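We begin with a single chain expressed as structure tokens, specifically the form solved without its partner chain.
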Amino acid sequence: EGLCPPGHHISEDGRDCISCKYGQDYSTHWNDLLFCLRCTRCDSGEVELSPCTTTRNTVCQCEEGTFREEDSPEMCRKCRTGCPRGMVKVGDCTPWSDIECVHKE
């Protein structure tokens, strides 16, 4: 379902599939969009692991020592360097997780 394949958007007359612009925009699925979706531009604190193509978004990862927050505003956060006294460290610092600190109290 959708007139145009990935990498394309539909023309104004509904007849044609026009290609997205490489490095500008994209669309991942069959679709009836009048325009392609803008590519994500990696931020400071982020490494571009893979560029935008007309068929997939840029892959931006949080720099080593920082992790991806999924709450608003979904930016990179500095990992904790460890747990306070009386707490044990469980998780460790990845680009998708801070370290976890659990109390014994």
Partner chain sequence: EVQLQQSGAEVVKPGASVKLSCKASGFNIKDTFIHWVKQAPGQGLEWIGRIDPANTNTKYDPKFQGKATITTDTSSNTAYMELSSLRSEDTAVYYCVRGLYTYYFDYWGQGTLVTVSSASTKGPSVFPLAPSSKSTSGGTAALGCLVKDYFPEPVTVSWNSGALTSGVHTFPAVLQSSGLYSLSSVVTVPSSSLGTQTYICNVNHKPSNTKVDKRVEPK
Given for the second form:
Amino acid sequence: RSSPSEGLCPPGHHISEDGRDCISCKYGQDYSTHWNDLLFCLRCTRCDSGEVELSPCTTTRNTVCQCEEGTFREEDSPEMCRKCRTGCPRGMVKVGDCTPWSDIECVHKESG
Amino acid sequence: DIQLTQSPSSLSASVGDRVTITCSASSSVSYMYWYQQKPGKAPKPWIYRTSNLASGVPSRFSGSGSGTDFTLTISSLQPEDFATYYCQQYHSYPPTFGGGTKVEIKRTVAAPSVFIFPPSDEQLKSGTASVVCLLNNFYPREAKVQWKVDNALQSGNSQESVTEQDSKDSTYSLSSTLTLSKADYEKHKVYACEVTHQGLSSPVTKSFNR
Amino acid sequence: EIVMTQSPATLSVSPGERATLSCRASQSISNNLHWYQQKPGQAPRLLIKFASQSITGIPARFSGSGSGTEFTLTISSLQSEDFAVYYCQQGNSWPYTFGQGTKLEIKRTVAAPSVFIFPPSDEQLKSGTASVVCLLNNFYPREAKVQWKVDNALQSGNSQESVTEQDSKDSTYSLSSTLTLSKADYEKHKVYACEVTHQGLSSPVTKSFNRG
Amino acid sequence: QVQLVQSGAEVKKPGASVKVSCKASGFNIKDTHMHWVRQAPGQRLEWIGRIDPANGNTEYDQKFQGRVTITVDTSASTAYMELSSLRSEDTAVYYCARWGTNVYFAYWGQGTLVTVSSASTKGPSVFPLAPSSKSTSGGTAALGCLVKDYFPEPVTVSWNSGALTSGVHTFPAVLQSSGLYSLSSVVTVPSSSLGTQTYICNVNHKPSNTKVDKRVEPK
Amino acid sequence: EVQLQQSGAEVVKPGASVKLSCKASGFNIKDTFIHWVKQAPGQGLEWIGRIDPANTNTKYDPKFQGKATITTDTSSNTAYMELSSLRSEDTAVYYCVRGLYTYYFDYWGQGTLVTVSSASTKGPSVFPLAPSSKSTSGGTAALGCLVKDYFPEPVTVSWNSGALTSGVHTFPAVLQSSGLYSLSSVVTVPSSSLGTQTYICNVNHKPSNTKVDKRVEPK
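Same protein, different condition: the form solved without its partner chain was shown, now please give the form solved in complex with its partner chain.
The next block holds the full complex; its first chain is the one shown before.
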């Protein structure tokens, strides 16, 4: 019976202290990406020294950054940009290449 | 931890009355949140940010308070409002709740219709024996029972249970049950429950012989 | 530039104590703060990465915290190994920038300097230049003051000081001021002295000599 | 559209652990902290712990540290709480909830009944509670049905297959020292109507698949 | 094991340039960002610039753009920094630095002492610092060895061919107004032992191939 919107402020906005009124996020400073009840808009991400800016912040979408360079984001750690391995070690062949979303892939040359 | 102390524990009050529940805090608090829990149900958030009503909540309700002292206030009660009310704070880690205040209906005093029921023939065949004393449709809840087996004040041999307030009568009913093995039950003969209550002005006793 | 500001500048502590060094940043840098230890006459060592993340082969007592603009390095119980300069460094924005360092110093009982004076050698006077030497040895704290008096004349710009690091044994300091003057000025005057003011004296101490 | 469906009621023995699920819909779990909350029978609310579902980062109250593991599955949009090495003290209703200093509203799950006892399932032993054939009160006499030695909760009770509703008082159950529950239900009746009308109590214990019908007659 | 050998200490006149090497071992240069860092005498660390040796791609701090240029020789596995149109302001220790991440440095080179002055090489003039014949007793008795008018750094000093270690204080050198360095080293001694035991200071200035041994006796 009830809606996705129902009860909530729209994206690009945040709810007020008063529990009713919807206040707009500031383009560039902050953002809000879904029908929500956020007390404040989320601070827009600023791209890191070791990053490249693929999108600027809107009120409905956070800044999109990427490692680029010759580096990649590591998932198991904090999500930070490590430098890609240049080459595969001895006995192993390069099977994937350095992306912003991944280090090179090595695999055995079917030895041992 | 900011320890929350809610006073009073309970409040027997009648329809149409102004009710003021307090919630004191062991250290200062920026905002206070109130919930209404009805029996067998999840708590309903009722007040946010000290004073802001939750949507769909009557205008008679109001929250107030500053630092260490906060109050929920209901300008005139109604049957929907009879439930336990908890206060909470989460602004200072960790979140802490009050111990609740249960609001109950206030009615004229009513003496209990007292009855006694012996252990059944089938029960005695098993070997355990459970005597039942009933106190029915009374007010207030505050009542007490003393099981006397041949004028012997018994203790730790019985357990009580009490109903919730009736939607119709707003009375209570209580059932204490003296449980004993047939060894003790056969050897004695006279069984009774002395019932004291505000509405009696005198202890009322009902009894049986084996 | 993002400016990294480290407080305090110095920190007099003894072994066994906790140390908390702070590093403020002029703009938010998320977690992108890194601590380094530089010991005297050595290359810096990374202690902590990304505000709080420990580095292998570094003692557990070292620990970091912070985000945004305020970060703190903490050493749960100091050891003689640990008395050194500590720098913080940000990697969030080009150009990368360091804090100005917090130097940890051993804190010990006050010790008055054993003061000595040394005249210019016979060999030096042959050359034509003359260098008088006033030595202040094994003292604490580092804060000390010297006034060269030649026939009760307060001299200025004629001398240079140098100070040792804290003694690994005593944790004291030693200082050497050197009054340098040509033969011409040195021969014409006779009484030479250095007035040494210090916390451990209560009164300026002067040691002196005459020519020949 | 906002909902928090929790898992079914669990009955477990001491020492054994239990994992309680809490499935969320109609809002972003990641927006704010998901917390679990204990409520003992007719008692205080006790905060157990919280998880930041973006991080997976847990924080607990000292009481439950070492004994509770809250977890989340953002992809599934569901939170879980594992509670280990159980005791009879942990007999409680466990609630899953959402709240925080960055969001205005708060939403709560329905709750999960978790009972902890060494006792295993047991059907009841029903007994009559017949009236004194004396009409001492005068006009109205009392009749009852005893329900003893069963496990676990709950028992449903009706009278004359639900025909008699007014005047009825089915009590709260009570834990005996044996570890078994025990309850009674009662009805007030006109003393003039005792002889003609026979009175039957109907007792249902769905956990042990036992349905009982027993008569109540004078003397 | 991972290592970063840097070039020897360079002594250069103003205007003249210098190429600093930094030879990497125990890993492939191409697997790590390499940065260079300036440290003025007893002062702050200044990041100069960074190079991705796979790419040959440089990033610098604007301060140094046009003064410092960083390069690699991947085939030799050594990084370089060229430093031009020098000033006395550029007197510094230059550090070569390595990281698997851009953001921070996991290993550091030993550093290269780069001194910038118009002055040319000079051996020292060693002088004694004899104890005053009038002064005796006190807290102790002090003896020293003056090292004046040399260039460049460093000087090593020992006492009685390294026999006396305790009580010794070799000071930091000081730049004089003349443009030449000057050092003193001192030893505390028992005043009772001055007559019997002669005391010799040993002074080594490897840049000018000057080894000096001089006695210290009372006057």
